[PDB]
Every structure is written in C-alpha cells, then in structure tokens.
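The chain below stands alone and is given in structure tokens; this is the form deposited in one PDB entry.
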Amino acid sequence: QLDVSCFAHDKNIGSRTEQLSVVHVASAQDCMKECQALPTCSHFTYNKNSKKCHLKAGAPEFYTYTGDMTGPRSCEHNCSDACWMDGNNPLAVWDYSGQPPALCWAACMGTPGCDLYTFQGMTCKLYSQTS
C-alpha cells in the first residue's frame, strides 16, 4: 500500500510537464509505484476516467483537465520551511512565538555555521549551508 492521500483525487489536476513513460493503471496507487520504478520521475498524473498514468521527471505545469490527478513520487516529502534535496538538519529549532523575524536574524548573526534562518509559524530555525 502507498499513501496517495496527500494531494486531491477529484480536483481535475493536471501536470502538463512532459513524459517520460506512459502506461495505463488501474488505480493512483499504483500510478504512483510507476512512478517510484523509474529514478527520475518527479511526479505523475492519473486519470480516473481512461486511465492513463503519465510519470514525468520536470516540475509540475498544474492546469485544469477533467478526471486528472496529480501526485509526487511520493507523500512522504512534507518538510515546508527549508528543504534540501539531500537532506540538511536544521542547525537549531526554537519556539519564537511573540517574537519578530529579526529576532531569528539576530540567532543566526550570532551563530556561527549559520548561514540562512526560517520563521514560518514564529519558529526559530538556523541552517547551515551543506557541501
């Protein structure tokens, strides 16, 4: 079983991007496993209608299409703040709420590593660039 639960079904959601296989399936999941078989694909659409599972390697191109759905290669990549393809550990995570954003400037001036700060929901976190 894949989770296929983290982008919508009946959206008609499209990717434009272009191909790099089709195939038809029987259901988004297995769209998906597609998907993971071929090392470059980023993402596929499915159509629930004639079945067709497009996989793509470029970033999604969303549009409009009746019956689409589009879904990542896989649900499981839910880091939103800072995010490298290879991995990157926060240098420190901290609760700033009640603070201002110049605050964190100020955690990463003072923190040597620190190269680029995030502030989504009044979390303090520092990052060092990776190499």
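Which structure goes with the form deposited in another entry, now that we have seen the form deposited in one PDB entry?
Only one chain is given; partner chains and other molecules are left out.
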C-alpha cells in the first residue's frame, strides 16, 4: 500500500485546518489515497476510532485529539535542507567546515547570479532564484 510510516499513528496528533472533505475509511493508507485523489489536499487527519478521514488544503494546524494521526499528501517528500517545490539546482556546493555563515554569505556576494545561500552542516550551497 501507500507508505504511511513517516508520521506517528499513536500520538493523537490532529490538524484543525479547514476540511476539503471528510470520508469514512478503514486505514491511514486509504486516507492518504483520498488525499492524493484531490489536487489541493496537502495533508489529512485520520481518526482510528471514528474511522473518519479529513482531507485538508491549507498548512497544518496541529492540536491533540484522541485517536487522531496527521499525515502528508505523500511521505516521499523527504527533503529537509533546502527544498524548492518546483526543484532548483545549486550554482555551487562547497565545503565551508570551520567557516562562519558570513563567509558563505561572502561566497554568494562574490558569485554572479547568486541570490541566496544555505549553510546546513558543512555545506555552503549557492542558488539563483527559479527562473
């Protein structure tokens, strides 16, 4: 089935975001499938007890409610460092271990076309904005 392992099932995590719709289904995987059938579903809350799947467009608004679990449209969106929705290849990728952020800022200043940088871990990466 669809992968539902990236979010907790047993921590009563709900989202209050306004619903696109609500449907009874027997599993988190079915809830995700219903999310994926709607072009604007970002996430869903599935309740184990009520068997209600609540599909949502907006950003999550987490809260506690018994038997809730909140998943993403797909667990495959696993980027965490610099994540462009439409994709974006870096101008440059350099090792700046032992360097302050301000030197990665300098690398960007000094690179024609650089609009922004990210500096997670040891990696100074330079980006141009999406065309």
